[PDB]
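This document opens with one chain alone, in structure tokens, the form deposited in one PDB entry.
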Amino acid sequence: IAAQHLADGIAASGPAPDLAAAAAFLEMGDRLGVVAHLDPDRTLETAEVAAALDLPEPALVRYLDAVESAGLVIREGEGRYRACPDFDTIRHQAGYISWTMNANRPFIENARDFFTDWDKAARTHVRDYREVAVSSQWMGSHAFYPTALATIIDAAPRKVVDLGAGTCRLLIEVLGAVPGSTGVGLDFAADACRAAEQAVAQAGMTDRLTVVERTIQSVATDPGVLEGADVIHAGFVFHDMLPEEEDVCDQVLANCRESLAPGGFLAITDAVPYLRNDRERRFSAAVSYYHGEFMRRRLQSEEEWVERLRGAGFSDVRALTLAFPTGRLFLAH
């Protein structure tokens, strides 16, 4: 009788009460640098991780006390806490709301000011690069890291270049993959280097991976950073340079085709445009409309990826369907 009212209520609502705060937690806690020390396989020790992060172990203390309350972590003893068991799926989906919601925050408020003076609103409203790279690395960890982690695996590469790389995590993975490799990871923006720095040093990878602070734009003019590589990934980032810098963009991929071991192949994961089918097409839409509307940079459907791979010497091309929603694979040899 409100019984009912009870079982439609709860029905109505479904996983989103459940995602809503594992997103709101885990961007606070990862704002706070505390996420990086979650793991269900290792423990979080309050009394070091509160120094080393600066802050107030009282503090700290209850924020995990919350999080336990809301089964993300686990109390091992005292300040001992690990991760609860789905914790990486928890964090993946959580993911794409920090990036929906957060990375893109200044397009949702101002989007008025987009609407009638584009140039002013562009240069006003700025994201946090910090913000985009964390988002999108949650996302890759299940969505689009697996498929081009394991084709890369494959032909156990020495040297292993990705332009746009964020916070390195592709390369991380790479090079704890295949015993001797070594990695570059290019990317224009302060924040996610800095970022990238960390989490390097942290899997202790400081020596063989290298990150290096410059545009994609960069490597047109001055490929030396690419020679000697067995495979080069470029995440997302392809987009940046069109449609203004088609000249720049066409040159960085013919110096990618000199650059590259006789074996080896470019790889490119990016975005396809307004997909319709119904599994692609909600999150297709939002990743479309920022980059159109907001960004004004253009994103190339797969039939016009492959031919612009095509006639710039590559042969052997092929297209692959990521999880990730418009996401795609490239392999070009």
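Only the largest set of C-alpha atoms that superpose within 1.5 Å between the two forms is called the rigid core. Numbering follows the first chain given and starts at 1. First, how it differs from the form deposited in another entry.
- Put simply, after the core is superposed between the two forms, 259 is the one residue in 259, 93, 151, 141 with a Cα shift of at least 2 angstroms.
- After superposition on the rigid core, the Cα atom of residue 109 is displaced by less than 2 Å between the two forms.
- Superposition on the rigid core between the two forms places the CA atom of residue 206 2 Å or more away from its counterpart.
- Taking 2 Å as the criterion, residue 124 does not count as shifted between the two forms: its C-alpha moves by less than this amount when the rigid core is aligned.
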Second form
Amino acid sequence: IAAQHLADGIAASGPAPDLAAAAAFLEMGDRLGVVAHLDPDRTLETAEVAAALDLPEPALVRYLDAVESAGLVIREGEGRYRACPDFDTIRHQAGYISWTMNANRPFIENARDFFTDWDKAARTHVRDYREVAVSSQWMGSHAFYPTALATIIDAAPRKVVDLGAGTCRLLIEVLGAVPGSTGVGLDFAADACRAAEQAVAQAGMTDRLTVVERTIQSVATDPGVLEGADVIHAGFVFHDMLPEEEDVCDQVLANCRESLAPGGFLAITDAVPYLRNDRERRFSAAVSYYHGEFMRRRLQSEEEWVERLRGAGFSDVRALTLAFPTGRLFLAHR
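Complement to the form deposited in one PDB entry: the form deposited in another entry:
The next block holds one chain only.
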């Protein structure tokens, strides 16, 4: 009786216990600053990491021994832990869970308020931008960042502009692979711009990569920084301007097309709404419902994106399916 109930229960639970445990351990560890020190090819030394993160070393060791028991890290002698061989895949998968269950938690917990008075709910139940950013990065590691990276590099560009560059991690990697290429990181957050400037100095690309503290919307009035770019990148940034800033968005796209060097392209990664195919539908619906219902940010279909980009003067647009469910890469050629 109990053996039959055992196999059937194991099949019914499937991979959910493992993913549930991985996501909780990794979100907890990431908030503590520990996950950044975990890597499959090197150890973290507890005596040093506890001092660097201002944590009591015995508490850090109890956390690392629990994650070791979980199989997420390997104890390599006293006070040294290495991430398990497939850690980066586990962290990638945890990113989806973290994004839906942690970053978007204000929407899960207060839906009744958003249904009653959206304007009051939207200003009261605010997402933690750090959690949105980290969970997005983890989802991106294996499901959208490699495609955008390889597309920009294989074009062998002389000048690359990244709209919403953050800490300029993509631009630093593109310049390291393309000799003599220059870049321009555009981002409004002062915190992200200061961090980007110190990361370019470490990479040795201060002369090659310029960081500008300004909005995506300012590119509509002042497009100078875009001139002569072979590639312009815009990762999940345009839907934040829609539907309230449609005219500014269209002037930014028209300015991107005219600014491009001959043969240059604009590469936009964005989420398309409510797909029906079996692989993408579930996560597509969560992405779409969070954007449409809770954030009131307009996601455009492929057809809409192509119509808008051709309206901006782009001669041809190619849409590519990304592994990120509901994610599409649009390459708009000048």
